[PDB]
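A single chain, nothing else alongside it, follows as structure tokens in the form solved without N,N-dimethyl-N~2~-phenylglycinamide (WGP).
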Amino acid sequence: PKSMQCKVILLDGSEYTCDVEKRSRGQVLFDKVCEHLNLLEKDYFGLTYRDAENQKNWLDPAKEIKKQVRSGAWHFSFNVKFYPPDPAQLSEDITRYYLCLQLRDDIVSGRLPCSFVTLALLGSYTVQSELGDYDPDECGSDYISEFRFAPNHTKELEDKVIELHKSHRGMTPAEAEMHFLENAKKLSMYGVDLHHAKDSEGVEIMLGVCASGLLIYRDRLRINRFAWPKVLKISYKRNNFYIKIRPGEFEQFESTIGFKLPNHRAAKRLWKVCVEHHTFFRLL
């Protein structure tokens, strides 16, 4: 029985290596990684791989791994797929811990923009969780943490993490991670998957996929949201993506809204993540 080596980058930056039968469906590998991580609340997570165009794709757990990675290496990342709107309602602290690790990478990477003060507050909870109570013996006036808190570090930010860290004495790791998440969940880009697109007029926009629906971003002043319940049908055709909207009260007809994606793979990818969000957050 022939086995393929899999490598998975975990959210702590370490690498998990295992073997699966070469005809294995994604669920097989996902189950191995989740067992490694001691993770029971698996529904919020998934594996990503990079396609021949170097685009991130979700590994479909129902489909053969070989038919998704195709010509590429069996190399994956473990990621949050569905960001819970209320992390306090997760059943296990360890689920919240992995969600914190994902959000820390969202922040450092710049995918999740964040004010100075919220960067310092999130950093202070991370430090409290991982090191425990503030110790002056470990930080002089010139302290620069090993912890990565932001896309760009300043001394002022390091100073502010330390000042807030002092305020958290007595806080336990689950308690600090819960505070981290109560702040992070409020950020306007929390759990938003962004896709470059053009509107039916050719104007460059971003489409955001999240718990609360499909968002449009255009020129800042020009924003729109389609809550998932309003969306009856998601479709793609060539380089185009469509949402069918329920008729409004007293309106005769449904409405279809159309967007142009970079290419056909990008339209199919946006379609699949929307359908998945629509189903997940309909049920959650």
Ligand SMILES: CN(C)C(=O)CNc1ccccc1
Contents of the next structure:
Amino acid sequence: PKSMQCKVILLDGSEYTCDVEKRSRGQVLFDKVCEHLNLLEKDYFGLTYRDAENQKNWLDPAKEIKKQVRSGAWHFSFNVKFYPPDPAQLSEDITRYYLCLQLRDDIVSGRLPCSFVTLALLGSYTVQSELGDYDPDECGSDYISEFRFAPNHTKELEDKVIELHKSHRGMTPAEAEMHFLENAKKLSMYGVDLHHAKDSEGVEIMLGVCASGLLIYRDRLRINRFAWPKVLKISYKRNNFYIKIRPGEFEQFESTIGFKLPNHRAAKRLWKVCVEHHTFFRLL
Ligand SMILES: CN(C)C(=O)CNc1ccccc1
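Which structure goes with the form deposited with N,N-dimethyl-N~2~-phenylglycinamide (WGP) bound, now that we have seen the form solved without N,N-dimethyl-N~2~-phenylglycinamide (WGP)?
Entire complex below, previous chain first.
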């Protein structure tokens, strides 16, 4: 029974290696990684792999790993797939811990934009969670944390992290993690998966997929929002992604909004992440 080596980048940046039978479905590897992580609330998470073209794709747990990675290496990352709108309702602290690690990467990467003060506040909770109570013996006027807090670090940001860290004395790791999440969950790009697209006139837009619904970022003055209920149907055809928007009360006919994606693979990928978010947040 022939087994393939799998390498998974975990949210703390370490590498987990295991073997699965070469015909294994994605669920087999995902169960092994979740057991390694002692993670029970698995529904929010998934594995990603970088494709030929080098884009992120979700490993479909129901399909063979080999038919997804195809010609590529059996290398994956462990990621949050469904960002919970209210992390206080997750049943375990370890769930909220992995969500924090993902968000820290979202922030450092610049996928999750954040004000100066919110960067410093989030940072201060991570420090409290990881080092415990503020100690001046590891902080002179010239302190720079090992912790990556932002896409661009400044001395002013490091100073503000420490000022806020001083205010958290006696906070336990679970408590600082929950405060981290209460702030992060409110940011306007929290849990937003962004896809490049063109509208039906060829104007460059971004489509965001989130718990609540669908976002079209057009210029800056114009952001359209389609709550999942309002979206009656989606589909893709060639390089095109279409959404069918409910008639308001008293109108005879649904409207169709069409988008042009870079290629057929980008259209299908957007379609599948929309279906999955629609299914997930319709049950939540
Ligand atoms: C900026 N964000 C994340 C939101 O406005 C969430 N809310 C929302 C509501 C309807 C459709 C899509 C999204």
